[PDB]
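Colleague: These are the residues of each chain, in order.
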Amino acid sequence: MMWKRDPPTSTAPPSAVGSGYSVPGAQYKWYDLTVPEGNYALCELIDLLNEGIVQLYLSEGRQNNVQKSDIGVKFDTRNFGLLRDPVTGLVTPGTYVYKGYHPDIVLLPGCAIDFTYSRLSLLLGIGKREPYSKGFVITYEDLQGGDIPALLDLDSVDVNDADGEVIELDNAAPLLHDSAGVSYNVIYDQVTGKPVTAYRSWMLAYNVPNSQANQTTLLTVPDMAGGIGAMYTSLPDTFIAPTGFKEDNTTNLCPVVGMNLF
Amino acid sequence: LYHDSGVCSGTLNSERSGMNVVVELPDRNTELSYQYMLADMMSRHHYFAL
Numbered sequence: 159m160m161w162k163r164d165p166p167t168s169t170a171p172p173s174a175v176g177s178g179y180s181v182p183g184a185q186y187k188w189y190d191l192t193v194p195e196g197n198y199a200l201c202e203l204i205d206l207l208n209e210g211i212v213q214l215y216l217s218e219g220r221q222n223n224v225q226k227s228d229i230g231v232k233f234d235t236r237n238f239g240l241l242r243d244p245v246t247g248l249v250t251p252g253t254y255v256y257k258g259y260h261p262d263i264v265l266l267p268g269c270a271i272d273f274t275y276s277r278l279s280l281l282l283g284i285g286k287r288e289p290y291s292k293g294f295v296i297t298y299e300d301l302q303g304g305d306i307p308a309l310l311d312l313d314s315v316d317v318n319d320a321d322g323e324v325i326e327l328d329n330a331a332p333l334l335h336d337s338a339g340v341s342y343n344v345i346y347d348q349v350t351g352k353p354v355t356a357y358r359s360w361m362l363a364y365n366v367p368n369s370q371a372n373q374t375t376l377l378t379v380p381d382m383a384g385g386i387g388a389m390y391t392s393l394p395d396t397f398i399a400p401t402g403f404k405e406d407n408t409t410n411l412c413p414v415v416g417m418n419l420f
Numbered sequence: 297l298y299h300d301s302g303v304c305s306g307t308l309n310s311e312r313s314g315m316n317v318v319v320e321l322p323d324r325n326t327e328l329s330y331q332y333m334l335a336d337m338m339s340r341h342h343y344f345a346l
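Which chain is which? The protein sequence lines are M and B, in order. When we follow PDB author numbering, the leftmost residue of the first sequence carries the number 159, and every step to the right adds one. When we follow PDB author numbering, the leftmost residue of the second sequence carries the number 297, and every step to the right adds one.
Next comes chain M alone, as it looks inside the complex:
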């Protein structure tokens, strides 16, 4: 999540609508996010993951001149590409549907999340279509096509709450920032239609049925049972080893006697 960045050229909120995502002097390094051990529900687990990402930011990236709009990795549950307009290309309400549907990954360009040494992916409901494939990494490019639609600002198109109308056109603009200054990184994509922010939600990448997030990843229920596999009960001192087991009593690799799920 881009530990190092150069100082900003301008502190003011942006006024141009993207036209090319660029973070000068962006250096990216892998982290080790860790939530405290304990029995949690999924909402609070995602909250702890987000707080841990914030802490990983505060540890070195905050002091290293990061614009605070460059928090690369975030765990969310919103369906960002919802209540948009096919013509306007932006979400009509001006905000996002604050309803949780399934855990989601939001990544800035150059950012990634790595589940290859953790079964927390099974807790998020994100699984690889090929669970035996070596390495399960969700990079920014793996989310291509899952661009988060930008937010239609109410101030620009203010006919919705004016002069007894709700329909207006060609004044449509996206929120280039928020109320508290910080930007949304709203840009024009390569197919420069309506502007969309460069966040590449995994939900939207999966929902578009073409490829990548469907042919590599899998959207399943979050399955908060911990994702634990099978448990092997063994009685080396009263059972002859099953066929294919060697008699290894004075060790932890005893012949498995009873098979059972966790």
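Source of the hints: derived by calculation from the structure; they are not laboratory data. All residues carry an ideal CB built from backbone N, CA and C; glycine is no exception. Careful: at least some of the hints might be erroneous.
[To be verified] Quick list of the computed label-pair ranges, beta carbon to beta carbon:
{"hint": "1", "chain 1": "B", "residue 1": "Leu321", "chain 2": "M", "residue 2": "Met389", "range": "28 to 34 Å"}
{"hint": "2", "chain 1": "B", "residue 1": "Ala335", "chain 2": "M", "residue 2": "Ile386", "range": "52 to 58 Å"}
{"hint": "3", "chain 1": "B", "residue 1": "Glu311", "chain 2": "M", "residue 2": "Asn410", "range": "16 to 22 Å"}
{"hint": "4", "chain 1": "B", "residue 1": "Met333", "chain 2": "M", "residue 2": "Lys404", "range": "30 to 36 Å"}
{"hint": "5", "chain 1": "B", "residue 1": "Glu311", "chain 2": "M", "residue 2": "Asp395", "range": "43 to 49 Å"}
[Stated by the list, open to error] Here are some chain M residues the structure puts well away from chain B; computed CB gaps all over 10 Å:
{"hint": "6", "residue": "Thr192"}
{"hint": "7", "residue": "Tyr275"}
{"hint": "8", "residue": "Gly283"}
{"hint": "9", "residue": "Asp321"}
{"hint": "10", "residue": "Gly351"}
{"hint": "11", "residue": "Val366"}
[To be verified] Take a look, some chain M residues computed to stay more than 12 Å from chain B by CB distance:
{"hint": "12", "residue": "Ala184"}
{"hint": "13", "residue": "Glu202"}
{"hint": "14", "residue": "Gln221"}
{"hint": "15", "residue": "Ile229"}
{"hint": "16", "residue": "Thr250"}
{"hint": "17", "residue": "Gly252"}
{"hint": "18", "residue": "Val255"}
{"hint": "19", "residue": "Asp311"}
{"hint": "20", "residue": "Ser314"}
{"hint": "21", "residue": "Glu326"}
{"hint": "22", "residue": "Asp328"}
{"hint": "23", "residue": "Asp336"}
{"hint": "24", "residue": "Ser341"}
{"hint": "25", "residue": "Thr378"}
{"hint": "26", "residue": "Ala388"}
Following the hints, position chain B against chain M.
Modeller: Relative to chain M, chain B alone:
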């Protein structure tokens, strides 16, 4: 050597008959048994470094 410990004992066994054929009981004294045997076979003032 972990003698007379049933929880951390050794294992000598064959391959075709993989059954462990060494059983160590916590209520026996292997080291003192060796002490008494060795003292009976010969006097203890001899210093055998091996």
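Colleague: None of the hints should be skipped; say for each whether it holds.
Modeller: To see whether the hints hold, each was checked on the structure:
no., hint, verdict
1, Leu321(B) <-> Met389(M): 28 to 34 Å, "31 Å, holds"
2, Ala335(B) <-> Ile386(M): 52 to 58 Å, "56 Å, holds"
3, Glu311(B) <-> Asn410(M): 16 to 22 Å, "21 Å, holds"
4, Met333(B) <-> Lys404(M): 30 to 36 Å, "34 Å, holds"
5, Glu311(B) <-> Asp395(M): 43 to 49 Å, "20 Å, violated"
6, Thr192, "34 Å, holds"
7, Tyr275, "32 Å, holds"
8, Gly283, "43 Å, holds"
9, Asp321, "86 Å, holds"
10, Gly351, "70 Å, holds"
11, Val366, "57 Å, holds"
12, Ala184, "55 Å, holds"
13, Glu202, "41 Å, holds"
14, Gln221, "51 Å, holds"
15, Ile229, "51 Å, holds"
16, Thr250, "70 Å, holds"
17, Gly252, "68 Å, holds"
18, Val255, "60 Å, holds"
19, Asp311, "71 Å, holds"
20, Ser314, "76 Å, holds"
21, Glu326, "80 Å, holds"
22, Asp328, "82 Å, holds"
23, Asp336, "63 Å, holds"
24, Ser341, "63 Å, holds"
25, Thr378, "42 Å, holds"
26, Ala388, "25 Å, holds"
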